[PDB]
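With the hints as your guide, set chains B, C, D, E, F, G and H onto chain A.
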Amino acid sequence: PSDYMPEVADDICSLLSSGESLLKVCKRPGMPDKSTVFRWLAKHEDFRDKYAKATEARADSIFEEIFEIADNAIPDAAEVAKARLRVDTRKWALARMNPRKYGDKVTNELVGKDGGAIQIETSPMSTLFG
Amino acid sequence: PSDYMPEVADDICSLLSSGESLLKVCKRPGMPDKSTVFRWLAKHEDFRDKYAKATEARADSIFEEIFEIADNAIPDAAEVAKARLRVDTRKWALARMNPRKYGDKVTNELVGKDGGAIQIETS
Amino acid sequence: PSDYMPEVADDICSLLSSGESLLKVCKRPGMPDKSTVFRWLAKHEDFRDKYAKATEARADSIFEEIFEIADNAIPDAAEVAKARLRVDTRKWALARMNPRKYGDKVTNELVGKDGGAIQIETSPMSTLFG
Amino acid sequence: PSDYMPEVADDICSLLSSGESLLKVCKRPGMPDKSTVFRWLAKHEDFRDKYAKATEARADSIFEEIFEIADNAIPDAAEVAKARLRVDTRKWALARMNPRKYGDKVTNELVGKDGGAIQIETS
Amino acid sequence: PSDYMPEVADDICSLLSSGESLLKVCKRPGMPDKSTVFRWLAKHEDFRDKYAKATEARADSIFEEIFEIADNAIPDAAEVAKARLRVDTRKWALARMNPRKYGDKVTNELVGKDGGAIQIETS
Amino acid sequence: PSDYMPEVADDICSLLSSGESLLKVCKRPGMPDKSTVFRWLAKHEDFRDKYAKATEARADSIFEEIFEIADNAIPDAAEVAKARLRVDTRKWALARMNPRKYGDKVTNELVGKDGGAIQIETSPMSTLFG
Amino acid sequence: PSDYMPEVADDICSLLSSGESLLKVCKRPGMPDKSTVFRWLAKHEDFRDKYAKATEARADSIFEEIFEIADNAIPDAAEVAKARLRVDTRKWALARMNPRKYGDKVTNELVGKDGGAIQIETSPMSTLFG
Amino acid sequence: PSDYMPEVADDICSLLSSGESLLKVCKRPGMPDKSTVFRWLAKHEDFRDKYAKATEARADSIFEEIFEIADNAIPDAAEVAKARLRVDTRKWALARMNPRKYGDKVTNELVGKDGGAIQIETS
Numbered sequence: 001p002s003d004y005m006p007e008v009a010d011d012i013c014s015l016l017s018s019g020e021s022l023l024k025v026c027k028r029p030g031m032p033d034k035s036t037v038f039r040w041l042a043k044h045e046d047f048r049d050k051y052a053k054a055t056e057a058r059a060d061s062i063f064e065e066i067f068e069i070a071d072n073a074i075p076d077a078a079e080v081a082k083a084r085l086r087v088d089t090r091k092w093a094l095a096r097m098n099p100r101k102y103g104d105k106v107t108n109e110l111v112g113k114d115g116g117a118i119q120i121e122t123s124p125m126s127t128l129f130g
Numbered sequence: 001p002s003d004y005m006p007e008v009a010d011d012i013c014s015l016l017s018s019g020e021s022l023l024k025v026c027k028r029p030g031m032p033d034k035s036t037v038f039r040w041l042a043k044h045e046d047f048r049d050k051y052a053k054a055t056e057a058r059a060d061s062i063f064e065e066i067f068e069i070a071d072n073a074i075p076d077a078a079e080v081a082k083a084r085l086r087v088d089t090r091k092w093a094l095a096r097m098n099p100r101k102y103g104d105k106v107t108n109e110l111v112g113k114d115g116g117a118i119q120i121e122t123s
Numbered sequence: 001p002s003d004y005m006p007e008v009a010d011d012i013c014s015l016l017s018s019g020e021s022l023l024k025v026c027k028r029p030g031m032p033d034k035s036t037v038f039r040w041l042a043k044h045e046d047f048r049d050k051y052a053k054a055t056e057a058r059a060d061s062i063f064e065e066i067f068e069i070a071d072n073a074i075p076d077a078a079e080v081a082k083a084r085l086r087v088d089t090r091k092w093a094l095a096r097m098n099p100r101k102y103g104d105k106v107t108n109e110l111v112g113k114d115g116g117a118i119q120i121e122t123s124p125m126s127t128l129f130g
Numbered sequence: 001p002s003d004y005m006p007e008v009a010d011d012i013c014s015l016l017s018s019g020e021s022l023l024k025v026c027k028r029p030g031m032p033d034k035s036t037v038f039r040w041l042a043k044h045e046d047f048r049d050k051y052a053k054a055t056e057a058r059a060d061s062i063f064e065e066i067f068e069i070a071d072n073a074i075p076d077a078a079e080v081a082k083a084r085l086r087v088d089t090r091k092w093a094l095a096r097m098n099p100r101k102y103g104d105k106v107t108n109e110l111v112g113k114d115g116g117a118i119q120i121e122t123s
Numbered sequence: 001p002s003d004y005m006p007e008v009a010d011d012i013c014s015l016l017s018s019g020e021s022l023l024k025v026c027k028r029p030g031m032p033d034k035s036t037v038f039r040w041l042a043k044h045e046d047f048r049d050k051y052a053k054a055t056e057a058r059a060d061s062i063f064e065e066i067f068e069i070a071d072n073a074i075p076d077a078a079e080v081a082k083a084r085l086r087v088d089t090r091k092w093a094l095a096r097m098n099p100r101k102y103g104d105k106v107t108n109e110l111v112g113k114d115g116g117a118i119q120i121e122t123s
Numbered sequence: 001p002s003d004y005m006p007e008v009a010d011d012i013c014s015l016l017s018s019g020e021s022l023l024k025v026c027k028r029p030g031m032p033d034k035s036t037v038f039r040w041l042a043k044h045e046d047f048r049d050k051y052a053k054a055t056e057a058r059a060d061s062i063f064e065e066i067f068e069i070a071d072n073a074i075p076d077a078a079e080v081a082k083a084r085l086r087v088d089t090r091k092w093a094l095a096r097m098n099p100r101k102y103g104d105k106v107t108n109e110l111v112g113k114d115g116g117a118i119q120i121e122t123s124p125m126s127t128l129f130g
Numbered sequence: 001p002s003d004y005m006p007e008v009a010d011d012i013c014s015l016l017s018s019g020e021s022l023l024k025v026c027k028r029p030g031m032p033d034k035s036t037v038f039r040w041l042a043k044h045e046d047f048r049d050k051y052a053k054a055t056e057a058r059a060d061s062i063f064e065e066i067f068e069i070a071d072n073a074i075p076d077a078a079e080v081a082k083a084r085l086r087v088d089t090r091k092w093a094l095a096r097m098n099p100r101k102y103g104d105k106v107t108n109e110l111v112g113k114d115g116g117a118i119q120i121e122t123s124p125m126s127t128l129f130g
Numbered sequence: 001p002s003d004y005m006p007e008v009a010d011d012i013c014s015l016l017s018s019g020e021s022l023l024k025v026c027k028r029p030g031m032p033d034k035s036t037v038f039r040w041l042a043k044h045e046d047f048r049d050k051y052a053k054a055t056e057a058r059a060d061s062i063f064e065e066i067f068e069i070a071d072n073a074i075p076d077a078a079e080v081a082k083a084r085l086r087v088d089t090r091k092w093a094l095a096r097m098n099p100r101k102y103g104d105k106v107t108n109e110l111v112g113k114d115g116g117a118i119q120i121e122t123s
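Chains as they are written, first to last, in the numbering used here: chain A, 1 to 130; chain B, 1 to 123; chain C, 1 to 130; chain D, 1 to 123; chain E, 1 to 123; chain F, 1 to 130; chain G, 1 to 130; chain H, 1 to 123.
Looking at chain A on its own, in the form it has when it is part of the complex:
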């Protein structure tokens, strides 16, 4: 397909939601190529909105998938290395697909000199930096 076809776009959203990657989806019978999908996205806000929803769902699906990829890895050096690459790629992508949920989490205990208060000295500007 080249022309925008909502039924096809809807199927793409459903498959992505389940965790399937776009390039893999686009290899299925009757699907548009990825370039065409991105063109559809660019010109159709209805699709963009549903695709954004599908991306959130895709991330939640992948989050479960990474446990399976690790736990079921064939215990052969090259196969484990591949499983690691697949998991690392998904971890990286999840943080971008939903930063609030899957971004890194750090608690910073902020203290000052010698574990006392943070010491701050303010002074008049000494150069023209405005």
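Where hints are given, some of them may not hold.
With a cut-off of at most 27 Å between alpha-carbon atoms, the simulated DSSO-like pairs for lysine-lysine come out as follows [to be verified]:
#, chain 1, residue 1, chain 2, residue 2
1, A, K50, D, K101
2, D, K113, E, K91
3, D, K113, H, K113
4, B, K113, G, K50
5, A, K34, D, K27
6, F, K27, F, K50
7, D, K113, D, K53
8, H, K53, F, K53
9, E, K101, E, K50
10, F, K91, G, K101
11, G, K24, E, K24
12, B, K27, A, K24
13, F, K24, F, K53
14, B, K53, H, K43
15, B, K53, B, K24
16, B, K113, G, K53
17, B, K101, A, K101
18, E, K24, C, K101
19, E, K27, C, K24
20, B, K113, H, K91
21, C, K43, C, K53
22, G, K91, H, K24
23, B, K101, E, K91
24, D, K50, D, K91
25, D, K53, D, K24
26, C, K91, E, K50
27, C, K24, B, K53
28, B, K113, D, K113
29, A, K43, A, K27
30, B, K27, B, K53
31, G, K27, G, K53
32, B, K50, A, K101
33, D, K113, A, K27
34, G, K91, C, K91
35, D, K53, D, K27
36, D, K50, A, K34
37, B, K113, E, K91
38, H, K101, E, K113
I should point out that these hints are in silico values taken from the structure, not numbers from a laboratory.
Only chains B, C, D, E, F, G and H this time, still in chain A's reference frame:
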């Protein structure tokens, strides 16, 4: 089973809470598939919340799993690499399941130039 | 056991305090399974409090253990890799068991442009972000 | 072709937008070489901007590429190492092509000593 | 020996101070086991403090150990990996034993957009 | 050449702009050695300015090059390791050649205790740190 | 030696200044063991002061040494791994011996939402955190 | 040669400036040993400064060296590992020789909860 069912959802939460993963909970007979569970979650805030707490319980179980996976790894190169991948995947996931509890922990001692006070100029 | 049994809970706390992991404890004669332990925790504040104390002690015990795991590792590739995994897992866990004591430690010397003062310019809000 | 041409430049943007890299776009017959494209960019702000947006489109294509490179890696030691290098190079590049979208994501919970309020003294 | 003893505790501190680990101190005849030492520490603030300072002394000894472990590693793959693990474990531990001395050290030059002043808007 | 020669300096800038490294450039017929190039830079502002422009262009050229080095790596352990070293070296250098463009990119969502507001307590100075 | 001996302490400072590690120094003819050195340090401020100076010099010496360890490594897998360990250990230690000089160096360009100004909203305290 | 000599020191700076390391400069006949150079530096501020600038020049030379070391690595496992160590050591050193130029570069987009404004409460 596609239509939201408050009893099946409560059941899912109980299973997750006892350490079971979503994939296993859904592979059971009569259970909704993963896509359906996620849809339920999306369209019901009450399920979203109990599921969130079940997720924190799941995390506490996974935390104890990582010790076993590491300590009981088969001492063969690929099996140890696999165990490492299993543990690393769980560590990463734990931080997201309960950030307060399992996120990274850093203490930053903030000082200024040469260990003096932090120097600020404002316009 | 399924019913809450304080004497058993107390033994669990003592074993954890010495550095033993929960799943290993739960394999000992007469112990509840881990699911049951977590259920006991959920419903009994007396146990939760003692378990929190035991977790602090567990961390201090593990902190000593990591030296032994490294120093006594069998000098075989796979055994050293396993020892490393065991130590890395403990290091990660210790920071969560007692963040104040075992979290990362960084001293940040904060300076500004060209090693001078930190330059800050404040301006009226330019969008509605309140 | 050395002299700036508004149509060839628009063409380059369209090709980059469809996922094609600059090296490939320039290896085509009748196209400017890379050095010439960069010169054009330097001396025309209108091209700089459309090129920037084409770069963001390229990034969205590359994002989907990394899944394929990882999942379809040949399970041989060197081929997996190569796939890892290909993916790592793309991840790094993506952050620079669209920082808002593909940069690192961190949530920092900022607290003070012992989990109390952050303590500050000022002069 | 289970009951707190101020002389045995002072002894433990002296031994730790001279570089000896707790495991070794406790494996000695007549010494309390590790669990008992930790209990003492928990229920006596005076011991907690002298133990903390003995821990800083221990850290200074360990700091010099890492040079020896690295420089004198047997040049065999697994022995070097073991030496690396021994050193990495000590580096990590040192930061926690004396954060001021052995924690990470970073100098952050903080600037604003394009190297200008840091731009802040407040409500 | 030892004496500053603008035509040669100009050629150096052109080659660097295309992504070639300085030491490689200095091996070409008729080029000065690197020490001499740095001496020319030190004493000639016209060259320094053009060299700075060339460095920006060099970085943009290298940014494209890293894809090719990775994608075309010979699938042999040592050759892939070399390709990785070549790419990692370029990534590191690019951030220094143009920090604004090629530096690391992080979005920090800043929150306070328990995900609420950041809690700040100010107090009079308690030591002489001015 | 057990008793504090300034001439010996002075020699220790000179050897450390040249980059030699303490345990290696203490193996030389007539030197005290490390425990004794630390005892001398604890009780003699003259030695502590000179030892601190020696530590600064030691760091500058090691900074040059790391180039030699890397560049002269025997090109054998295990020997390169050992050289790497020796260099990594020194890099880590240098930052602690002289944090101002050998600590990590980062320039953070701080911007706000969408690359605009950093947006800050202040509010009355909503809990008792003073 | 132990006594500070202003001409030998200027010479050292010139050599370092041309890319030569201190070890090589000192292994030359008639030159002070490393310990003596460091002593000079300690007791003369004028030498400390010219040496600092010579160090920045040295850094600019080393920056170009890393490209050659990487690109010309012998494609053998241990030789590539050695080249990597040589490059990594230089990268680390460069940041300390000229922090402004060769330190790490990060752009931090600072936002508040949920991408809103950063929320602060003060006492």
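Results for each hint:
no.: 1; hint: A:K50 to D:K101; verdict: holds, 18 Å
no.: 2; hint: D:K113 to E:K91; verdict: holds, 24 Å
no.: 3; hint: D:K113 to H:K113; verdict: holds, 22 Å
no.: 4; hint: B:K113 to G:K50; verdict: holds, 25 Å
no.: 5; hint: A:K34 to D:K27; verdict: holds, 23 Å
no.: 6; hint: F:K27 to F:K50; verdict: holds, 21 Å
no.: 7; hint: D:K113 to D:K53; verdict: violated, 45 Å
no.: 8; hint: H:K53 to F:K53; verdict: holds, 23 Å
no.: 9; hint: E:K101 to E:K50; verdict: holds, 18 Å
no.: 10; hint: F:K91 to G:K101; verdict: holds, 25 Å
no.: 11; hint: G:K24 to E:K24; verdict: holds, 24 Å
no.: 12; hint: B:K27 to A:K24; verdict: holds, 24 Å
no.: 13; hint: F:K24 to F:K53; verdict: holds, 19 Å
no.: 14; hint: B:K53 to H:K43; verdict: violated, 65 Å
no.: 15; hint: B:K53 to B:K24; verdict: holds, 18 Å
no.: 16; hint: B:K113 to G:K53; verdict: holds, 21 Å
no.: 17; hint: B:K101 to A:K101; verdict: holds, 15 Å
no.: 18; hint: E:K24 to C:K101; verdict: holds, 22 Å
no.: 19; hint: E:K27 to C:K24; verdict: holds, 24 Å
no.: 20; hint: B:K113 to H:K91; verdict: holds, 24 Å
no.: 21; hint: C:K43 to C:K53; verdict: holds, 17 Å
no.: 22; hint: G:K91 to H:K24; verdict: holds, 21 Å
no.: 23; hint: B:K101 to E:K91; verdict: holds, 25 Å
no.: 24; hint: D:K50 to D:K91; verdict: holds, 23 Å
no.: 25; hint: D:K53 to D:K24; verdict: holds, 18 Å
no.: 26; hint: C:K91 to E:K50; verdict: holds, 25 Å
no.: 27; hint: C:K24 to B:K53; verdict: holds, 26 Å
no.: 28; hint: B:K113 to D:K113; verdict: holds, 22 Å
no.: 29; hint: A:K43 to A:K27; verdict: holds, 22 Å
no.: 30; hint: B:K27 to B:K53; verdict: holds, 22 Å
no.: 31; hint: G:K27 to G:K53; verdict: holds, 22 Å
no.: 32; hint: B:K50 to A:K101; verdict: holds, 17 Å
no.: 33; hint: D:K113 to A:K27; verdict: violated, 55 Å
no.: 34; hint: G:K91 to C:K91; verdict: holds, 21 Å
no.: 35; hint: D:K53 to D:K27; verdict: holds, 22 Å
no.: 36; hint: D:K50 to A:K34; verdict: holds, 21 Å
no.: 37; hint: B:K113 to E:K91; verdict: holds, 26 Å
no.: 38; hint: H:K101 to E:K113; verdict: holds, 17 Å
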